[PDB]
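The form deposited without S-adenosylmethionine (SAM) is given below as one chain in structure tokens.
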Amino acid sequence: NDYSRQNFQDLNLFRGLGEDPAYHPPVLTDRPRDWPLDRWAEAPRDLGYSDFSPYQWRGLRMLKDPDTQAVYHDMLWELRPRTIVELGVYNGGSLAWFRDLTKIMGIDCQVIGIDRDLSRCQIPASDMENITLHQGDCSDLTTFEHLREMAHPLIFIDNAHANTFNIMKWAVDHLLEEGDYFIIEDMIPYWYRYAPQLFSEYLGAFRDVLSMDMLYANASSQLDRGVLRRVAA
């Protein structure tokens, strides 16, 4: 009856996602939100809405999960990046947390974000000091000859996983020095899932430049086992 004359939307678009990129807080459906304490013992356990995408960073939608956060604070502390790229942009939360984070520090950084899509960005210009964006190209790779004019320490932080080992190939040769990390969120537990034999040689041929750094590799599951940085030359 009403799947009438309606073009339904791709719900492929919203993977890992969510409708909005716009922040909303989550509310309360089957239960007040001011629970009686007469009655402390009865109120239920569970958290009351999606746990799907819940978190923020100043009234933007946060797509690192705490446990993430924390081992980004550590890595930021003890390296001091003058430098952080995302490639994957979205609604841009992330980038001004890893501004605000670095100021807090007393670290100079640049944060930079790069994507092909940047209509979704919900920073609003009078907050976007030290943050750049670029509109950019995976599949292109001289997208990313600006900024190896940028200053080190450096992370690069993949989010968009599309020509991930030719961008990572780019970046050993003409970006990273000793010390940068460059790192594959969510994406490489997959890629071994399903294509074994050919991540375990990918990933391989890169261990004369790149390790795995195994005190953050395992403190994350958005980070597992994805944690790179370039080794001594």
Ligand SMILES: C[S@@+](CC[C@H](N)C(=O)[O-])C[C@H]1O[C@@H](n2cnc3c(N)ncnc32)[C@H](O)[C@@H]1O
Second form
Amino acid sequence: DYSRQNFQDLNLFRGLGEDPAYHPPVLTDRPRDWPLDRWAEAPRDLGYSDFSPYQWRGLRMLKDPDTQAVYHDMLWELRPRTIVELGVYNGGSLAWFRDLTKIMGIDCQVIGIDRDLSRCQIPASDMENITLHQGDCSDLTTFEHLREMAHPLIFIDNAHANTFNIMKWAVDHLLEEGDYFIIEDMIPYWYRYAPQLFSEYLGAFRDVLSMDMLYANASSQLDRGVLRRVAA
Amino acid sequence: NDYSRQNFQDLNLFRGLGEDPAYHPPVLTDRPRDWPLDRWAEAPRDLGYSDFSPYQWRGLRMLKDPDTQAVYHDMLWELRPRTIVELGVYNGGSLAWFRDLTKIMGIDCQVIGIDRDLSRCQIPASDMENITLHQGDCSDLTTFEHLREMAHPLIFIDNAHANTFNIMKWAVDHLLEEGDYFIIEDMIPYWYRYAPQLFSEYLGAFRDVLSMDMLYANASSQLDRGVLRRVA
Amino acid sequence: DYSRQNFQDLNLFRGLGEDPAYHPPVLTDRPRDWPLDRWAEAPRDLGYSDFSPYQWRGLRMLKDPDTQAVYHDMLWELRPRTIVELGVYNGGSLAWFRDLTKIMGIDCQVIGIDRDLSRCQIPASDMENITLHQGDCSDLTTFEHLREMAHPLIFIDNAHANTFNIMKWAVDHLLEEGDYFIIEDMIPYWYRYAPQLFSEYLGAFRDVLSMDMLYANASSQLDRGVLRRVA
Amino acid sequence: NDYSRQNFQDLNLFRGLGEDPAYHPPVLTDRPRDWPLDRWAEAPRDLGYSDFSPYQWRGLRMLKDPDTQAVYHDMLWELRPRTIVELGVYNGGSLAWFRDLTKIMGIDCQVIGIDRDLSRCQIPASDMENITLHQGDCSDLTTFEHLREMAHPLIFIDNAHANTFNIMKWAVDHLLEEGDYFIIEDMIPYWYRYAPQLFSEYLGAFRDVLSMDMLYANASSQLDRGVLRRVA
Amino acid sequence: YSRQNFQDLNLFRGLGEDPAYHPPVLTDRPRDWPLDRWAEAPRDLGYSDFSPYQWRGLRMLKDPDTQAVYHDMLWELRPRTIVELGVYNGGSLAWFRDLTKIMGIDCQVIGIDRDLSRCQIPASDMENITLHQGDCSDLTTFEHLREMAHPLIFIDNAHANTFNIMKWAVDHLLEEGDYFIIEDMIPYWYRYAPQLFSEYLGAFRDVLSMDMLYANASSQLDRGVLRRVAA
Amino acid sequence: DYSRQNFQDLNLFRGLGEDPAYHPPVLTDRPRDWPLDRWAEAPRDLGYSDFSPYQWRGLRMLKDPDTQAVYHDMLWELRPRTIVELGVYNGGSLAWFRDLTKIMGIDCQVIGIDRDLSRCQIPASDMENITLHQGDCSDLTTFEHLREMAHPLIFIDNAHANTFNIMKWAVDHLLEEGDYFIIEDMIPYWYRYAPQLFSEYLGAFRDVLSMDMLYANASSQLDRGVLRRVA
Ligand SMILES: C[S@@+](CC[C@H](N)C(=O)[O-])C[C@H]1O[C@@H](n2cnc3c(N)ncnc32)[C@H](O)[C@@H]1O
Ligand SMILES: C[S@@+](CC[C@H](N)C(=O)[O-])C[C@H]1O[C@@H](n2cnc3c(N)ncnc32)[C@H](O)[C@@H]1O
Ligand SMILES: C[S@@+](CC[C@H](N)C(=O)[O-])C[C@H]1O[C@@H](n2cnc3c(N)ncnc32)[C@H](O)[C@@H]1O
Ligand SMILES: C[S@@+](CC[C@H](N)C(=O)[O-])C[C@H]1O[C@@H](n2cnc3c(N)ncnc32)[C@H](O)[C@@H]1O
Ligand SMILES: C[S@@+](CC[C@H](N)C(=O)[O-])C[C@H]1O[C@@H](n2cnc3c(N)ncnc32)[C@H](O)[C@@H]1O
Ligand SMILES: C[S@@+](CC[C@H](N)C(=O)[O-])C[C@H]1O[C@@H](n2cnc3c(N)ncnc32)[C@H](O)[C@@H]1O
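Given the form deposited without S-adenosylmethionine (SAM) above, produce the structure of the same protein in the form solved in complex with S-adenosylmethionine (SAM).
Up next: the whole complex, starting with the chain shown before.
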């Protein structure tokens, strides 16, 4: 029935899905064990929904395998001492960045920054190398607090509110040479909707930032949003 | 160096809309408008401008694309609605359209337009016969409690997408009679990716009161599986 | 039925279909009302032939919505007083130009020309500002007989017969600075079969005609065929 | 003013035929015919000329593309035809091809050409063995009587497409035998797209006497769904 | 199954299990589809489109698009001698001979291979074709033939030791205007060894050239048509 | 020039490439730093050969990120105490498996096998729990010399010789309920090249092995190769 129900806002779920806990996909319309003597007879598509079906030790990943492939290459090149996500959801990306700099012999500090850090599904006792922080984007004191951080640094942006003042402040009071400011997912959508202003705003950074063309065309998500600092 | 001699804005605002609600025509960059016929074959065969939201009607911007337009023609012609409503307004270009078409078709419709910010609206006052703007939110349902029993048949369109199931719930129990439509543009395919289970339920609780109208349902990218009506 | 039925030269319908009168599409492999408790299991395709579904007030359209949006832009910018369609079929294009100019507030006179106006479907009543004309294109008296038209103006060829002579006449006798001559559909085809002869022809007009590259690439049907007097 | 005194031949004449029935091989424009191997990779990968009707056979043009040819090759092998009829000659390239193949295959097969206009036929007289041309129109069925009952089996091929069903009618009642082919190259899809109802109803008529040969019928773009043959 | 031996399915790579031509068979539908249900009939081919091709009851691994190219090439440059290196069932062999026969070309076909046993050409049908057993690794398999008339086309369908074989040809065989072609494999050699293939290939700039008329005209011959240049 | 040089049989590089050591991509047609005042005018294509540009801590990877996602999910479910790569080339996938089971907290011992181990690239400082063997697949001795190892067990065929015969001995002598046996890459090629046999051979194992549909369709490389043991 409809007349006895109250509905949520499914907008809260965009680019995220329902639940930050991992769901292990199950098959509906086929047996896991397909009989081999009917090999050709078996269906070729997935079996389940390919929305965001990507995990890391039972923790959901918002970055697809290609975006992972990029971040791996980038990490192995820069040996980044600090990696700062800005937008956390379930924390999987944080548990990845840690687990990865670890086997790379990079002693790295991974920092999450979300105003709501309650969706984090990481075990209490898996949090070696990590520092969370609560703070809204429209206030720049949030980011000052972490200025005595080792370099090289990679600032990823995954909320993307007040991003441009965060960039202006970054350049003016944080990024050393060849540190990465990365805007994930949205940059093309800003050029879709607002071409005149975007091309002005980005174009203002002409002399301090620049797109890194090794990584910038190498994944759907990072497409055209990977930046770093120059000498000037 | 233009970075610090500028204050930057929020550009998330323009998502789906574009920076200016007033119509500006396309202009050409890499070609002339007047291609010489001696070199007809040399002519570039691509468009020449942002294919984002080029469309228009009588000098006002239009967000419904030509296919969508088409569908609402066939729809209006078949149904002959005495009322159409547009939750969500922006430049009010689609209101002018709905009004002009019904007029040409001999239909005595009244177009309504419910926004919170009508300031963007662009129609000349002098050209507003059979159009009414109401202000208010999609959160609380009083915005709609003053919508009189206007004439039927009646088409409801959601374009804001906020609390758009509680507004569905109100429309079914208070307003829609047989044959009346209720159309969620744009958003139904994204809600289905981001919540396959929850959406399939919320939507299914209208089993006995609403059916998707296949004739128009799969005939536009914007109206894609977002066209519903009553059969009580 | 093979030893009885006699047949209709089915080439007649090449391009237009069987019935010039509109008939809404009906479903076949479907209910119209798909149940919402099965929303995710409903077909995604259209469910009816997408040949020419398009219409304008019970009249057939053979200008897909995209082409429709082009001429609209064109009509808005130019504000023409005359729009000569050439080839009528059902006259859906006729009524839709007169309707559209009407809302735009423009004093416009639509004129269809065709060797056969017997499939025109326009209601008797809805004929304000539409002047029909009978005559073959391979007769240039079809064109002389025309009284003087007002400007600015657009000339649309959908008959694609003896078209280059008709370009010669129109330039010589009718078209003014800024006026369009628009060949729908056919340009790429001629350029596919006779590329050498097509250029020869098109290129003669280099001093009197240009491709308006603002509209020229904005619709399959108008693909590289929107011309107008640069003068 | 090159237009003032240019004799404008009617361009509709060349529909799917071209300017000239005489074969002339294609010609490079933007690229040297011999490419230097030092710059191998920077050599362009697009054809070079117009893919409109590039094909040929012994200096005669071929309107039947290689996909269509393969089909005819397999059908000639299987059927070992004793007679083959073309309705619509043009340059008669297909006429030569059909005969040259039947000779190689070791098949006594008279080839026959029918056309109201045989002035474009390019087959030299010295190479006319086993090929009989025929002046005549489609409308007039008298034309087909003097097919002096040729030997079977037998492939009828409609390339003219005029009064076609009224030829089919004749052929069935007068010329075809258990296994003989009646084939309509190209049009069948276009008639279905233009006259959906009347075409099914017309094609339905020949149900008892004819079948589509599903082996060949989906086998080339040009022969597509128009390879028919005598059942029972 | 536990006392079974399984063959190397890589022996059948790009060839298939049987060198004989058998004709395709429809499983899921009738050969004779009924005309009342014409619109419901499958649009898809109806069987495996991997090497479905044949010439007079022999399998053809050259597909139609490639045959059209070789025809143009034969017709233009009447060759006195064609050389396949790679034979399989010999359909390319008896094809190359048959075309030359209808063209009035006095042309000798020769096929060379370490394995001929898979050849399906009957003895009655060997006129002007000649088989040879020899290995690529060994260059002395080839000098047997520098008493062969020109013009000459020389196809590589084997892919072993190719670059050494090319250089033997350029030095000891090809006269100006003659063809050496590599079917299928150049584009994979470029994929796999960008730097080494470009080298091995650009060594022959002073003696060979990519024929641009014949090169981009099939899948199989992609960028492998080469010929001898003016000295 | 050519007549001096010796040419490696370029087919040795089929599916692998020239250098087994990793090298990072190098841009040719663009700077690495594109200026922001002309962001919109930058190229959208990659900038290098997408042939096999993937890596893992300085070692090349021939499994693509898709395939690496499937192998993750698999490991995390099975927690294999033994993985067996059959074919090794640069040893990169050998390491990746060892690295990943390690951080998952699994005590898994990775095993590679090859006829040729000289290409392998893994530093000995970083060799923990990786065991190599030399041996042809040809010879069933290669495997009988393999010592007992712990389950659960994934057995990957990445080299594709004698692949079915190996499967037979794997089922008889090595595999156990729940253990895998995955033929990466080749199975879809064997279906096109040899359908009749490929089915008779695969289906001969119907009683013992099954296609794990959860992973067997989630990667173009693993596509329809993922088998697993089941009583
Ligand atoms: C939208 S999610 C990340 C999704 C990711 N961009 C994707 O689609 O792949 C970003 C997180 O940042 C938080 N967030 C949004 N705006 C913020 C702000 N202004 N300051 C701090 N956190 C914010 C949200 O609560 C949310 O959990
Ligand atoms: C997609 S635009 C409207 C499109 C409009 N029908 C047209 O085509 O011209 C979305 C509109 O919804 C309005 N809107 C967004 N959130 C709203 C809310 N919570 N309550 C009422 N209106 C809202 C915005 O002001 C905006 O004008
Ligand atoms: C394609 S239909 C018209 C299309 C329609 N007006 C539109 O806007 O899309 C072409 C029309 O031109 C007519 N026609 C064909 N040949 C003609 C000729 N030689 N002279 C005059 N009219 C001709 C036909 O009778 C037919 O009605
Ligand atoms: C497409 S061409 C022939 C194609 C050629 N047979 C082939 O191999 O594909 C069409 C031919 O039909 C002929 N034709 C057109 N109308 C005809 C008619 N009414 N009666 C007989 N032949 C006609 C034309 O002269 C023209 O040569
Ligand atoms: C692709 S098939 C030949 C294709 C066929 N001739 C055609 O025209 O399409 C490959 C052939 O090359 C032969 N071959 C492979 N390696 C060879 C070598 N090293 N020496 C001689 N022949 C070889 C094989 O015996 C096999 O017959
Ligand atoms: C696709 S690569 C293996 C990639 C491997 N997964 C990795 O990255 O670690 C193929 C390998 O199979 C090996 N190989 C080929 N034939 C073989 C055979 N008959 N016996 C053993 N190894 C063989 C080759 O030497 C080559 O190293």
